[PDB]
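Undergrad: Next come the chains, spelled out residue by residue.
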Amino acid sequence: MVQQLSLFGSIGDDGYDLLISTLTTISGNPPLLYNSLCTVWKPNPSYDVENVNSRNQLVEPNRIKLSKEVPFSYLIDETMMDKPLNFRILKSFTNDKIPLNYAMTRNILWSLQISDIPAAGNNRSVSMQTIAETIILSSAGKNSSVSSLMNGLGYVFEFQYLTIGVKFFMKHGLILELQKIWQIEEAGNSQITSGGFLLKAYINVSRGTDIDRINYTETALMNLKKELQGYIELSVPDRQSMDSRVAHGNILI
Amino acid sequence: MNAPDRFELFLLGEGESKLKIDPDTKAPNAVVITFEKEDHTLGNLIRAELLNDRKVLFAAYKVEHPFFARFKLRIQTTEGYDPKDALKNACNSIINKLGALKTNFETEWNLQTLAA
Amino acid sequence: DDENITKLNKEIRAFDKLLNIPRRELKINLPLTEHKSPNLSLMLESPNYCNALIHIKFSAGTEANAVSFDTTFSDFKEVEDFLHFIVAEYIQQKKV
Amino acid sequence: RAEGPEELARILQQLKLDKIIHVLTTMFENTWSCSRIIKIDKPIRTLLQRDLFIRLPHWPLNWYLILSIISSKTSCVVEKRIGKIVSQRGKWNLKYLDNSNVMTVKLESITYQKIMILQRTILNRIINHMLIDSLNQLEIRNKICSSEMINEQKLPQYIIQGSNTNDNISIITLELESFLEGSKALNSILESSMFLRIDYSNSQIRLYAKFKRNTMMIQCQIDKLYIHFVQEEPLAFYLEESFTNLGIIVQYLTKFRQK
Amino acid sequence: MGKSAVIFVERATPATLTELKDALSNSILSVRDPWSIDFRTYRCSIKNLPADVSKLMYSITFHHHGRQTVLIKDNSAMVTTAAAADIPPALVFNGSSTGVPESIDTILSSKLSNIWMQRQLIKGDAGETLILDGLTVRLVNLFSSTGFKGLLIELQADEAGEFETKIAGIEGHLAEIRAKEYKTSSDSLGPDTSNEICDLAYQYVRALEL
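Chains as they are written, first to last, in the authors' numbering: chain r, 1 to 109, 164 to 307; chain K, 1 to 116; chain q, 592 to 687; chain n, 542 to 572, 574 to 588, 620 to 832; chain t, 1 to 210.
These aren't lab readings, by the way, just hints derived from the structure by calculation. Where a beta carbon is used, it is the ideal one built from N, C-alpha and C, also for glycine. Careful: at least some of the hints might be erroneous.
As the list claims (entries may be wrong) - List of simulated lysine to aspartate or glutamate pairs, DMTMM-like, C-alpha gap at most 20 angstroms:
no., chain 1, residue 1, chain 2, residue 2
1, n, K581, t, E128
2, K, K20, K, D5
3, n, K687, q, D672
4, t, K123, K, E16
5, n, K557, q, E680
Said to hold, decoys possible - Beyond 12 angstroms from chain t on every Cβ pair, some chain r residues (computed):
no., residue
6, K68
7, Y74
8, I76
9, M81
10, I89
11, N177
12, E231
Chain r with its partners taken away, still in its complex shape:
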């Protein structure tokens, strides 16, 4: 469980290369390639959860995220082994098509994660969100599989998507991510972040009670934002967009 303090933004791919150089001028570090695959699961509507205390609202149903890393050998087509595995490959990832299709992901079926809507009030300068996390290491039995496990808990699959981007590690534990997101269905693959990169700068705090640390984290994030003034505008997203409860449906992408 962490308090994640975050700021968001977006950029057009035209400046992409330039942006990268500037980051290396500041951090002093080179970018590192990465990828991931997230699957979202929701409580089964076939089961009537009368246990939701309607007269008191002790709790509301929520959605579970399962993440995993996928090797690049599934994301590189027959035209791309010649180039080395570095960040420049992202320049060729502008098409809505991608080597990883629905059948391979179905064949695949980790990190389990749950979150809450950010803290209310208009006196917050950065998006503060609470995250509860655990890890699944292995399994066994006659039906050892992620799908069977989540159906045993009482959850069913809803959708999935694939993230590819680069990471920058700066001082004080600040992490800056440049991402491209591909939604995947049997109908096909569609790039929601079409013609651009999604930028997200964030820090993690282990204990929410410590307030000196939280103040330091906010100071670092606002200093970073004030450093990038004039190039990219980093902003607090909409509090109602980062809500992932089942009752109301929307997805920040």
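Please arrange chains K, q, n and t on chain r, whose structure you already have, making use of the hints.
TA: Same frame as chain r, but now just chains K, q, n and t:
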């Protein structure tokens, strides 16, 4: 209504230790031991047995409020002798006495049944 | 994955033969008759880069896996004493 | 981090003591299974005393070779004994200790060859001691015919015959009254002392007795009773039997007694 | 491949553990650090369930095996960790994990409390572990909410050739102490797939069931 549940008299809550031992800061070789979910039945027996050890100086117990099931015991023994060891000896002696008592009662009851 | 991490891993691993702990092994085979050939394997290591540890494995000529003795030593004096004892035991075995 | 001069002196004394202990424990293990679990409430009566309890997997149960290391400011000695210890309700109880055969040995004289010779002889010594303990459980008095006792030639010569300096032959002197559990009517017929000779190589048990008076019934054939009379001593006879398990030897004795 | 077995004695006495510790004292080679174990059962709070779907879920927490939880349901196992040192480096690197996870028991009893609710809890603390010749034996007293429950014995060996003989020997050792009602188990969850801790948890479940 504010009447507490009765089962709190014999079921320990989670995170509760049946014994708690604390050194006493006033007299050397003295310990205060808190027992939980217990009443005079055990404290009187243990104190009466601890009064038979020639190396035991002080042994006293109390139940501060008759609402809560718990009591305190206080032990002080001679130098070179541990109060926990005294408690262990007392419990062993009590157990042996109760076993002998049970055997005697069973023998007498069977003899009466033969004479019944 | 990324080029930089693999490059650094390669460059660092290139120095293993220098940075790694030195080791040595000496196998001594004694010529004995009656198809009973004991083996004496002594491996010398420096786990903390300064101290000498001598592991001795003496297998008498009874079985391929029945290790007669397997000991460790940190004092060379005890090493010499046990070597003398083993030599005396072998001489007695040859005399019986 | 030591604080006191007395603490420093105690630290150095313990350093010497456990350095010697480690040296000898390594000596034993390079040839022996020590025990690091046994703690006795009272140190064994024989200046620092340390008790080490060693044994082998094939030894009889609960029988331990006990070494009492006595370390002084300038000299150190070792007391080697054989004892029996049991564990009951979390306590170590010294069931039995032997004091008539305490081996007091100087520190310097101990060597590997002495260690292995002691290893060979200790099995026979422990077998003799457990036979003694079993006879004590039977309340039968006994005495050991040690190497010095045999060399002194005070024992009957026919018993010494066949004992060609073999550790597999053990002779024990038993009291006639004790072996008969107080039967005083047989004291006037047989000698008050009998001899039990056990050969592990032959796995034979012989009970030798001596007639106090020359009875003419010896002239009669007593071959059907499995009694063999000594040619050297006509007044001396013996009963011979073959045994497979030592634990049932008591029954054999009764059989002998029966005969 | 190592093998393990679990024997549970229900009619044991408070001093039976000491009796078995002393009765084996001849072969005891060494003693190691104490251990602990937790055993929870979670119940399904939803009533619109099919007949063939089970209602329980057994969670077993191992303290000595690096703080690991195992969830068991209908012969299906799941192994979760909660230590920062057990995290595969890929998940830390790519961003799939914040680096400081929580135990799955907190997740079940905090966020999913409207689907699963706790029903019991059986604990074992301050057990003893003994090294015998090619064997390791662990003993502990089980305490429920009410009080003492019984005795638990778990045996682990590296060589599987003579496991049955060792089990028979330990059963005989219990036999001389007149503990005649004991339930043992050495089953395997999956004949083809062999995971040690999952099989251990399954054996615990099979031993502890009523």
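Undergrad: Output the indices of the hints that this structure fails to meet, ascending.
TA: 2, 5, 6 and 12
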